[PDB]
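Only one chain is given next, in structure tokens, and it is the form deposited in one PDB entry.
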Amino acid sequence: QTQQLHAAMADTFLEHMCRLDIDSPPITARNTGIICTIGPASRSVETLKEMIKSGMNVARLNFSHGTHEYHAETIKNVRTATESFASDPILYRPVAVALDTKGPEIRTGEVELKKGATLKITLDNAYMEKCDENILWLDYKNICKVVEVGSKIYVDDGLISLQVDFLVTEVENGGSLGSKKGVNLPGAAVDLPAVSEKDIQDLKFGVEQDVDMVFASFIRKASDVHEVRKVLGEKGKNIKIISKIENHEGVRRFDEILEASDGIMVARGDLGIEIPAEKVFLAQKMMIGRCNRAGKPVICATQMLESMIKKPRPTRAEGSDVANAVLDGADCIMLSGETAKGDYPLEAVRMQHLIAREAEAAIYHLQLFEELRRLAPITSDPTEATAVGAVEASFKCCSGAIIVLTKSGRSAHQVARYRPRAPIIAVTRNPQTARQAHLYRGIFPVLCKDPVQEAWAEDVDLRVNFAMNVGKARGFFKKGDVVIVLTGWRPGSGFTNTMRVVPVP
């Protein structure tokens, strides 16, 4: 009757769908990470404390606008709000900090432009500030090499459409053309740098500010990721790089970007400008599918609950979109304007928590785990065999949680790629590991502050008891319930090889 368990048992996907019950309450735990873009409507400490209580797991800093002093104050407020709950480690919720780069752009130098008018695209810098309905200037000097006869040029976020030292185009879709407008070249392999000079400064600032992850704009190839990783350097070697896929090139060359990256962001907003909007769902389902196949985190972003910027309730499409991103297999869901500038940021966070939790119970785990189990490679890695063994055992006994002791998070990540129904309580002493764990579906990172015991067995048993107390206090399970515990054979990362099926004391 609870957690969609009747639909969980179904032999077919059709019968699974038929049994979905609105009167089958979900469990307490919400596995999907919620990333909130911080802005005017949420950057105070008082609002941030409420965002954390509502469900925020990651604070996203949009570096498209704002100064370094502005972003440092936002980060400072995020940490003050986060540490206001640090007195109780049993209830403490780690909150990660993410840096979203601006990236390279193509800008124009108000007229009207009509369907059928002739428009010449010039590169000569004399008409840099003399743009009109006959001549238009752009700052991307390599455009004629990347463009061809028939190619389309989009101006002002796809509001204007054109068709090809200079270019001769015909206006397909018109509108009011203003100044310093963004340009997009659908299907073109653009040679803009992986990181602009501003991106270099912003990435170095993120290292100084101790950020957990970087959402790298306009990633088109593996070498773009490699450039970001070099700018982060030794000091930022542990910062996760999430590559944003925003154009045809990034979609077509997805597999090399995924291998080079720590994770992926389906940047639907920019992707929907470059590619036909009716195709974005294909790119979303393809990338979520491949990231789940590779065990790499995937973020679904843009306009998930857009109407909540002005309204306290989302539309029916918006509720459906959050649910379907979770059903697809997205590790995280994102709020942009909804939390940055909207009138109901707290309501937006709470809505994402409610939909995500409902959706996680409606996942067809029976076929999901069979397929992941089948497509899993046969290897000699003991941690990989332990992790699959733990997820298999967690389904057999319907455990309250899978408790994992982890230093770097890898052990908890290896369990998360198998998509257990049971929450993964990852106990760590590393605060960055705790913050970064939010990028992986199903991980509840708990930061142990107790000092290291001299008897290693006692230190392990201490951390297992901490996970039991966290699970009991947070309503995940109670005394007598069955849980799975993962530990290793010696201290240090890389030794997780032990699985126990144990009752809660």
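Positions refer to the first chain, counted from 1. Heads up, when I say rigid core I mean the largest set of C-alphas that superpose within 1.5 Å between the two forms. Compared with the form deposited in another entry:
When one rigid part turns against another between these two forms, the hinge among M304, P104, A267, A361 maps to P104.
24 degrees is the angle through which the smaller rigid part turns against the larger between these two forms, based on C-alpha superpositions.
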Given for the second form:
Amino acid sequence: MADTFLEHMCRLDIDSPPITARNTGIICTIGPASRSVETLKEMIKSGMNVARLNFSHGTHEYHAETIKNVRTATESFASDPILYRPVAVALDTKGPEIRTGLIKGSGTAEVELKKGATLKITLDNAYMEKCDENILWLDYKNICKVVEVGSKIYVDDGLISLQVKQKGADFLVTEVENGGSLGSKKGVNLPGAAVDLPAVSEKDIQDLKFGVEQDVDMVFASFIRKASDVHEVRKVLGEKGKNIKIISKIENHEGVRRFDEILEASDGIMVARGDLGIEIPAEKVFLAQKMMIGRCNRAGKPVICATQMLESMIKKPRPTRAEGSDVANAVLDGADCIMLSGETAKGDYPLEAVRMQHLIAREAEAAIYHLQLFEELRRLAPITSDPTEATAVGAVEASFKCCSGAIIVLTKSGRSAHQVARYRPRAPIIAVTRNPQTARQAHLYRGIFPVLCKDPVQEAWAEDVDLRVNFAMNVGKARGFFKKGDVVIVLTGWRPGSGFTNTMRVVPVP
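Based on the form deposited in one PDB entry presented above, generate the structure block for the form deposited in another entry.
Here we give the lone chain, stripped of any partners or molecules.
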């Protein structure tokens, strides 16, 4: 809108209402607070696009029923194919974690840790359910190999910290620095160590194969360190799960250093700030986020900002001021998807969290300085002569001039719609598809609003197109994206077949 970024900031207006559409994808983690079919229905209406299953906790039976509930709540809306919203299922792997043992005692399963006190760490399975003030167990077998005297051991997602004083053959005497209440099977981080667990562990092969059987849409592979880790996960999914999108989670120092080879192998990225903020200094996480989002935008691949975006909303019904700014800034940085972990999995206000996510994202979109964003994306794009790319850039450029309410894209594999999203247009991308997996996986991309055409293929191609285009027109009028008499962009082929979406059309809305 304005000639400089500084004037663009100065022009930002609280009283200027945002567009009804919301481009940024929302990913909610399912758990105790959101597992029920009636709650899942409300989360879908509130704005959920992808349900994340965290395989660091549940059994296969538990997760199987969580999937069952999600599809019940999803297909609840299928009676009306206009207002039907696809909902993806995502399997977040355990990965090479270090979790502690269980706690001994009555009342509750917790014990205090004084600042300055001693705590012996052990690998002996006799203390596997007898962790307390003095002794502590953890499942990583080679912990004495990778650790030295003075090394930090962070327990329970950063809260508690320990410095190693002495070593044994298989035991470590440590001194407590940050106190607090220890619990059962809390996560442990070893910043400075080189943890040598397998990227695809024995448990993870079972969880992935289960993912293929359950027909999940994507896999959030944890603690990805290098490009070979992504190919290991690709192999385990194999032929049958070839179409399952692999999103590499960057959770550690090694993963940041090797980001380019990891991005090359992966379908997308998750900036998993949780583990990253322990493994790397807290100041710096933003550097890593902005870098990874930046490179993913340039590469044209989905990137997900994740964890602790609305942490206070576990306990409270409204977010903090910092949590408000974090979500907005992640969207302004250019993140395709925002994520909620504990907020929806085990929180007292799951629905309010999903709505805040929707609300902030929706006018972070408005505050994007599109003039500069689009200018720079063209320059930094390679000079390939793929007809689908050139149509996409034409569509996006066309959309900025005739302030379009939408860009409608007929697509089988999603790729035609992905390439439009790559250039970050202001208008939403109504991706029309008969492939239901394509509709679900499209949530990963910023601004793609998938719609599933359940209708049978009409005889003539020319009339089959017009049905899918008019189907999208009806969805756009229904959602408020545009009205009768407005202008929109339409992307179709020349005789059908996945591979050549080469036709842009500026159509008046009927």
